[PDB]
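Participant: Letter by letter, the chains look like this.
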Amino acid sequence: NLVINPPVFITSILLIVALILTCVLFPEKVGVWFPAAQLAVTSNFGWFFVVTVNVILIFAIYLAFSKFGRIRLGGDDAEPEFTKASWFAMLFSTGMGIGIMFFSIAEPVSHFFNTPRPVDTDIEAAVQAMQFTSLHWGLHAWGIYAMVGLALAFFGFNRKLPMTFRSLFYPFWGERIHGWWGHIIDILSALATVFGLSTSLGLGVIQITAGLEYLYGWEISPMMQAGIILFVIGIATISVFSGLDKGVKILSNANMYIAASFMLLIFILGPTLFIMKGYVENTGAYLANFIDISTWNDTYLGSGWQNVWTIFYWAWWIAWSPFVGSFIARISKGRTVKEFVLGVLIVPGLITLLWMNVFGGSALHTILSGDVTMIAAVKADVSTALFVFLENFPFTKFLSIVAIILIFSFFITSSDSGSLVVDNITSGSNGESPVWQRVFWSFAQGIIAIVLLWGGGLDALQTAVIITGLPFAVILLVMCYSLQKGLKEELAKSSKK
Amino acid sequence: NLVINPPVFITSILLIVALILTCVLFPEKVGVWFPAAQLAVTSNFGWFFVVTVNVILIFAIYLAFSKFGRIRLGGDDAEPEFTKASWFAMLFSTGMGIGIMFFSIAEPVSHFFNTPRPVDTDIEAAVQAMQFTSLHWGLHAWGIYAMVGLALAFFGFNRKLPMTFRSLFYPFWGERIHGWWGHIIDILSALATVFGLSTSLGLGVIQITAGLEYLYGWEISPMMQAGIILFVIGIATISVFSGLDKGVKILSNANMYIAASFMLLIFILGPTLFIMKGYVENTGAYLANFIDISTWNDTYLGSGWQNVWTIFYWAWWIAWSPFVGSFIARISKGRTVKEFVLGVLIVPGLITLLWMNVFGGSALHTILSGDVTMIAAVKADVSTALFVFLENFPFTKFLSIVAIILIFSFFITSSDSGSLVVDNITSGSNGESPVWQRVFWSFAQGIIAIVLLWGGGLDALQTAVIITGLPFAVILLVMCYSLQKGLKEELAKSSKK
Amino acid sequence: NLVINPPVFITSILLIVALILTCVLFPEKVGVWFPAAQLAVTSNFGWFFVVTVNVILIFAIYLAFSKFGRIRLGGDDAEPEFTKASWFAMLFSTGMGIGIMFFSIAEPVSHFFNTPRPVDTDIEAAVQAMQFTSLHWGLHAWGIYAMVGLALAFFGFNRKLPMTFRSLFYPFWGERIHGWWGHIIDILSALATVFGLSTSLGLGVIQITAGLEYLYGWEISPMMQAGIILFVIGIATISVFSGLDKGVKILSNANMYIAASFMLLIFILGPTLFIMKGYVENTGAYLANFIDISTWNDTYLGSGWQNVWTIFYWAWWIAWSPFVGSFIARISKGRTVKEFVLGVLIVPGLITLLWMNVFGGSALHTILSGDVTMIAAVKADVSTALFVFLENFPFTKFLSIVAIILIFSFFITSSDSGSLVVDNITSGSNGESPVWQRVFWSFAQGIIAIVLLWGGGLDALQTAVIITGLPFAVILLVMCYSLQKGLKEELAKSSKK
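Protein chains in written order, with UniProt numbering: chain G, 10 to 506; chain V, 10 to 506; chain D, 10 to 506.
I should point out that these hints are in silico values taken from the structure, not numbers from a laboratory. Treat the hints with care, as some may be off.
Each computed DSS-like pair below joins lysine-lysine, with the alpha-carbon atoms no more than 27 Å apart [what the hints assert, rightly or not]:
#1 D:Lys169 <-> V:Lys347
#2 G:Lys502 <-> D:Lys506
#3 V:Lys76 <-> V:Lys388
#4 V:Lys502 <-> G:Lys93
#5 G:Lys347 <-> V:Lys505
#6 D:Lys502 <-> G:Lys502
#7 V:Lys255 <-> V:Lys497
#8 D:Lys406 <-> D:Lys505
#9 G:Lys347 <-> V:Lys406
#10 G:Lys494 <-> D:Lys93
#11 V:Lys505 <-> D:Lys76
#12 D:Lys506 <-> G:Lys506
#13 V:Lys506 <-> D:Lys169
#14 G:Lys497 <-> D:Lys502
#15 G:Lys347 <-> V:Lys169
#16 G:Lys494 <-> G:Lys506
#17 D:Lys502 <-> G:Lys494
#18 V:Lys505 <-> V:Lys169
#19 G:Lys93 <-> V:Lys76
#20 V:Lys342 <-> G:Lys76
#21 V:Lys169 <-> V:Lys347
#22 V:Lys255 <-> V:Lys347
#23 G:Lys506 <-> D:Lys494
#24 D:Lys93 <-> V:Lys76
#25 D:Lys93 <-> D:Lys76
#26 D:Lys494 <-> G:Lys497
#27 D:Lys169 <-> V:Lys76
#28 D:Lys502 <-> V:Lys347
#29 D:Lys169 <-> G:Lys497
#30 D:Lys169 <-> G:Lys76
#31 G:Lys347 <-> V:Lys347
#32 G:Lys76 <-> V:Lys347
#33 G:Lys93 <-> V:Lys497
#34 V:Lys342 <-> G:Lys347
#35 V:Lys505 <-> V:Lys342
#36 D:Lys169 <-> D:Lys494
#37 D:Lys38 <-> G:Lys76
#38 V:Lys506 <-> V:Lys494
#39 D:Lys169 <-> G:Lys347
#40 G:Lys347 <-> D:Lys347
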């Protein structure tokens with residue numbers, strides 16, 4: 010009935026309620042304090058975010074290509090439940106649904122007219138734009154996801170422990186994680202994953218309303234935005250309470266199939282030789298200047314460009330890493346550490362770059378051809394970039410409708426996917442909690458997205474993400490260091506006949 | 010009296026004769042058809058050529074630095090027939106002997122006034138020219154050659170099958186390679202190797218007639234070029250009347266000694282500190298932006314520069330790869346996979362880069378010091394680049410004469426060497442075919458070179474090379490993926506006490 | 010009484026006396042002979058210096074990451090006398106630290122108004138300056154130091170041989186090192202380390218006099234410079250004779266603490282976010298263009314910039330490497346080769362780069378913010394760069410006095426430290442020589458510094474350093490190739506059940 014963890018459940022509820030009250034009955038105060046706080050945090054700790062993501066990626070590479078990579082998740086006498094192709098498909102399904110569909114065109118074009126670093130020619134501007142979107146989506150995001158998923162899988166399969174952030178700090182804290190010391194980590198993890206899920210929720214909402222406005226000229230107001238959010242979460246709780254089926258795996262497969270069909274349609278109807286040439290060239294350039302852009306901090310110029318694009322992306326990945334890592338760990342049992350890390354790092358990191366090329370590089374090809382019309386639309390609003398990019402394609406209305414449907418299905422999938430992660434983190438156990446708690450948490454994330462959207466749109470999701478992702482960046486660093494020790498202890502124990 | 014393979018010998022004769030007949034009865038038709046076909050193929054599949062060469066090089070590096078590198082060629086109970094120094098010395102002479110002399114000077118200067126990418130200063134133009142020259146000749150070519158030689162040696166020594174391209178696909182096709190399925194593989198390999206050897210023959214004859222015209226002011230019609238071709242082939246077939254007495258290894262050592270003496274003379278008489286400094290700096294820059302230039306596809310500019318220089322070079326290295334790999338594998342028995350790959354990748358690549366520095370960087374030093382006279386000559390024709398370069402050196406006539414003699418001897422060695430590869434591929438066995446078959450194949454190679462020369466000069470060799478190297482690029486990728494399987498099988502079978 | 014090595018003692022003393030004579034009774038001739046000779050050697054062998062340092066660094070990396078890295082120094086039955094932190098702390102204290110205080114500010118600003126390569130924007134100039142000072146101080150210096158220290162430790166602990174340069178060539182010279190073939194090696198090593206210590210002493214005294222002149226407006230004639238030199242050396246020999254005996258380690262710890270406090274104070278009072286951002290970004294850029302700047306030889310421009318900055322630094326590191334490597338080996342017993350190399354290459358290099366950032370990047374931040382006043386001072390003279398840098402900080406006089414005291418104590422430590430190495434190399438044994446010989450060698454290095462100062466200032470230390478570092482570059486290459494054989498011998502001997 011009420012199987013909960015009080016010090017985590019009540020603390021998260023109280024903190025979320027306090028934030029909602031602050032943002033709903035101090036309008037001007039919250040609207041003035043949030044962007045100043047976000048700017049201060051990002052300006053002061055962009056170096057720390059960059060160092061954290063680089064260290065996590067280097068640690069993932071090291072774990073993949075060391076003696077620790079021979080350890081098989083779930084024990085030596087375990088076998089994978091899925092083939093490599095299915096595992097890779099599910100890994101790409103875990104990332105990314107809404108962020109990809111929202112930024113794949115807005116970001117490469119926003120790095121064209123607003124370059125991260127000064128360039129002279131438009132060719133170099135396009136190359137730099139593709140390089141920076143590859144940096145944001147290519148390997149560091151999947152590095153963080155792979156590290157969190159590896160930690161969760163190792164400490165929930167090889168250690169017979171709940172796959173929350175409590176058990177990830179066992180090796181160096183012993184039994185102290187059970188009382189008031191792992192409670193803080195669980196609270197921070199729940200808050201960070203809730204805010205990351207709510208950011209994805211909000212991104213989907215803004216893009217779906219922009220698409221409806223562009224297609225039909227409808228005059229939307231935040232009232233029907235809230236109505237859309239409530240209706241979608243109602244569909245989710247209907248699918249949860251009166252379960253038609255396991256509407257996650259089948260919906261994940263449908264989403265992957267529809268996204269692949271969309272990518273193939275854009276690849277064929279748009280440029281085809283240009284897309285392949287640009288994919289090869291841009292991946293090579295991204296891997297050639299990897300250390301130059303990964304560690305770049307904009308220290309000498311001081312343009313402040315990283316405060317909205319790069320540091321925000323690192324904070325987002327770090328903050329909502331628990332949600333992605335949970336489902337990365339669910340589907341990876343019986344696969345060794347090296348194979349797991351390489352599979353999470355490379356294949357989804359390559360498919361994401363392929364999608365980035367297929368969409369953003371095609372947009373940049375249109376722009377470089379003199380057809381500057383996405384630049385003006387994105388300068389007006391970045392939520393219509395996809396629906397302006399589909400204007401110069403055959404079946405513009407059908408492609409726009411399919412993109413809206415894909416966004417809405419990713420919306421349901423994320424809402425029904427992160428709800429169970431938050432429920433498990435909040436109430437412990439492994440899913441014995443009743444469905445009403447899951448529905449309540451879905452409602453909470455929906456209203457959090459609603460309040461954040463009404464408090465600035467795409468200027469309050471980033472603020473909360475960065476604010477709650479900085480301490481979670483610290484937690485990620487400590488968690489990587491503790492996972493090293495736990496893996497070393499397990500390897501030493503196994504190598505004893 | 011002809012030990013032959015009917016479906017390979019007859020098919021190769023038929024397609025070669027059909028191409029010759031088409032080129033001789035339809036001058037204008039073939040002269041319009043061939044450049045268009047080559048341009049279409051290169052424009053559509055430059056990305057594929059780049060991916061193929063990069064993947065082959067990465068596969069070679071992986072095979073050198075993994076557990077697969079401990080496998081000893083010819084079995085554990087085998088010892089090298091040559092010392093490491095002599096093996097390294099004769100490795101460089103194995104392939105690209107005539108192309109080195111043709112493009113040692115014409116290519117770095119052609120990348121100066123016709124830059125691959127836009128540059129402002131002449132210094133950057135020279136650096137880029139040397140970088141792209143090193144890319145074309147440094148490591149990818151020797152990566153392809155090392156992979157092909159490793160596959161040939163593994164499947165002709167460790168597994169005892171005949172050393173043709175039929176046996177390289179045994180692991181994943183079973184016994185199907187013996188009939189009408191590996192026949193196509195052998196036909197394509199023979200065509201690619203004959204069209205890659207005819208390209209070198211054409212380069213040699215073009216440069217030798219250009220040198221004769223430059224030195225003596227003679228007017229040589231295509232009839233005298235055909236006479237030169239026939240005279241050289243007659244000398245080659247006289248040398249293989251019955252023996253006599255197998256003047257190939259001695260000629261190979263003489264060619265290596267003469268080329269080394271020529272390089273030392275150019276190094277001493279020309280700049281000596283500049284060449285050494287530029288060698289170090291250019292090798293460092295080549296290894297610094299290796300991924301930047303290897304994966305570069307010229308996609309945002311579309312200048313078409315890669316259609317003649319880079320894609321043609323990849324198709325050339327792939328096309329005549331059987332010929333180079335055969336004699337790379339002949340002289341490598343008893344050497345482990347790691348040592349073999351590192352000795353075919355590094356040492357001959359380093360010596361090639363040293364030669365190309367000694368010649369092209371010296372030419373660029375002459376150009377950068379206000380003496381722009383190789384640019385004007387190369388813009389007119391590229392076959393007189395070396396003979397114009399030797400103009401500003403002491404003993405210009407003697408150096409030109411020894412260069413012509415070295416080109417003629419490389420011509421003889423290549424004609425006598427590739428006939429063996431074509432004859433072995435066409436007739437199977439391991440050298441049981443009669444001498445008249447070798448004579449006929451040398452004649453066919455010579456007339457193919459003559460016909461390609463009369464059909465456009467240095468515009469039909471590239472066309473044929475690219476056309477027959479694209480499907481051979483596919484075959485190279487498949488063979489690279491099958492070699493790891495067929496060699497992991499041997500590694501597993503050997504690691505069984 | 011007179012326990013010496015007469016072939017080494019007599020030859021080194023006679024050569025030093027001859028140089029002092031030709032510098033003190035041939036002013037006009039030597040003042041033209043020395044800079045011309047230095048320019049000749051650096052121009053002719055900059056490529057050799059670059060190749061030598063790159064090969065040494067690559068060899069150190071390879072030895073750290075191969076089967077040889079498992080070899081435990083001092084034998085398997087040995088343990089580290091110090092913990093990891095206490096060893097990392099004193100690794101950086103072994104040197105540099107006198108040139109650190111001299112070129113922390115003068116070098117990154119001298120690379121600003123006098124760029125190694127042409128740049129347009131001031132931001133690019135600052136990035137290039139930071140990159141090149143990182144190259145000079147980051148990894149190649151510590152690579153040379155790690156190689157020399159590893160050779161010395163391996164041949165003085167695992168082989169029970171004297172820790173001089175005699176024993177480093179045992180593997181392929183056998184007992185021939187004991188007479189007239191290893192005597193030359195010891196003589197060259199003693200001369201190189203004496204001249205390196207003299208260059209450090211000259212830098213220290215130059216900066217001390219410059220700081221005194223800047224703070225107090227004093228006029229210091231070279232007579233007072235000689236008086237200061239003699240006073241400091243007299244303090245050192247008084248400590249050696251009467252004071253004694255372990256205070257060198259106490260003074261080393263005091264120097265490390267004072268330098269860390271000075272660096273922290275500059276980090277806090279000056280920019281704090283800028284320094285961290287620039288540290289991360291500049292380390293990333295240094296590791297991104299590593300092969301581009303390490304192998305750069307300035308061959309296409311011929312500006313001559315490398316003759317005073319990069320080649321001089323390589324020659325300096327190579328020349329005084331025996332002194333640094335001796336104390337790197339003393340404080341490293343019972344540590345495996347991999348751990349030793351990774352702890353000498355990385356951590357001291359990282360701390361040196363952090364010091365360069367904290368000081369030079371702060372200076373570049375001041376310069377880039379319109380405050381161009383260090384540029385004029387450094388153009389006038391580079392010795393007062395640090396004292397002009399502290400002008401725009403709180404507690405300018407206190408920080409200047411602390412820097413002067415730190416330089417003076419580094420002077421004392423370096424003299425008392427290099428006297429041990431010179432005495433041990435010249436008289437053999439392991440510290441049985443009388444104290445009078447030690448103080449005599451300290452006096453000799455002091456008068457060498459005085460004579461070199463009176464012969465051109467900072468134009469004769471570099472000359473002698475380069476002249477005696479080129480043959481020592483050859484010797485370092487030979488010993489680096491000898492260590493592999495002599496330590497593979499030990500690895501094979503140990504791996505025999």
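Participant: Hint by hint, say whether it matches the structure.
Facilitator: Evaluation of the provided hints:
1. D:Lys169 <-> V:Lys347: Violated - the C-alpha atoms of V:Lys347 and D:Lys169 are around 36 Å apart, more than 27 Å.
2. G:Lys502 <-> D:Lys506: holds, 26 Å
3. V:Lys76 <-> V:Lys388: violated, 50 Å
4. V:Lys502 <-> G:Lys93: holds, 25 Å
5. G:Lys347 <-> V:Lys505: Between G:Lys347 and V:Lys505 the Cα gap is close to 25 Å, so the pair holds against 27 Å.
6. D:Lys502 <-> G:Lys502: violated, 31 Å
7. V:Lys255 <-> V:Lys497: violated, 38 Å
8. D:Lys406 <-> D:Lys505: violated, 64 Å
9. G:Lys347 <-> V:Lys406: Answer violated: G:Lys347 to V:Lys406 is near 63 Å, above 27 Å.
10. G:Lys494 <-> D:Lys93: Status holds; Cα separation ~18 Å.
11. V:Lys505 <-> D:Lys76: holds, 25 Å
12. D:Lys506 <-> G:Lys506: Given pair D:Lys506, G:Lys506 holds - Cα atoms ~21 Å apart, limit 27 Å.
13. V:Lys506 <-> D:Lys169: violated, 41 Å
14. G:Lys497 <-> D:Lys502: violated, 30 Å
15. G:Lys347 <-> V:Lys169: Violated, at roughly 36 Å.
16. G:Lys494 <-> G:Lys506: This hinted pair holds, its Cα atoms lying about 21 Å apart.
17. D:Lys502 <-> G:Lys494: violated, 34 Å
18. V:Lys505 <-> V:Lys169: holds, 20 Å
19. G:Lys93 <-> V:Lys76: holds, 23 Å
20. V:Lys342 <-> G:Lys76: Violated. V:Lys342 to G:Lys76 sits at ~33 Å, over the 27 Å cutoff.
21. V:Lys169 <-> V:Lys347: Within the cut-off at roughly 21 Å; holds.
22. V:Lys255 <-> V:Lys347: Between V:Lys255 and V:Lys347 the Cα gap is close to 32 Å, so the pair fails against 27 Å, i.e. violated.
23. G:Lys506 <-> D:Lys494: violated, 36 Å
24. D:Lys93 <-> V:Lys76: violated, 34 Å
25. D:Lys93 <-> D:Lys76: holds, 22 Å
26. D:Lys494 <-> G:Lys497: violated, 34 Å
27. D:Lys169 <-> V:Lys76: With Cα atoms ~37 Å apart, D:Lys169 and V:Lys76 exceed 27 Å; violated.
28. D:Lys502 <-> V:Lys347: Given that 27 Å is the threshold and the Cα spacing comes to 25 Å, the pair holds.
29. D:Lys169 <-> G:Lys497: violated, 36 Å
30. D:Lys169 <-> G:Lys76: Violated - the C-alpha atoms of G:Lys76 and D:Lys169 are around 34 Å apart, more than 27 Å.
31. G:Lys347 <-> V:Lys347: Roughly 23 Å separates the two Cα atoms, so the pair holds.
32. G:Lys76 <-> V:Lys347: holds, 22 Å
33. G:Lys93 <-> V:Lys497: Roughly 20 Å between the alpha carbons, so the hint for G:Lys93 and V:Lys497 holds.
34. V:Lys342 <-> G:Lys347: Outside the cut-off at roughly 34 Å; violated.
35. V:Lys505 <-> V:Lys342: holds, 23 Å
36. D:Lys169 <-> D:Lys494: Since the Cα atoms of D:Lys169 and D:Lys494 sit roughly 17 Å apart, the hinted pair holds (cutoff 27 Å).
37. D:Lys38 <-> G:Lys76: violated, 64 Å
38. V:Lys506 <-> V:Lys494: Between V:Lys506 and V:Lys494 the Cα gap is close to 21 Å, so the pair holds against 27 Å.
39. D:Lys169 <-> G:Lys347: Violated. D:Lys169 to G:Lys347 sits at ~43 Å, over the 27 Å cutoff.
40. G:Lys347 <-> D:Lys347: holds, 23 Å
Checked against the numbered hints above, the structure violates hints 1, 3, 6, 7, 8, 9, 13, 14, 15, 17, 20, 22, 23, 24, 26, 27, 29, 30, 34, 37 and 39; every other hint is satisfied.
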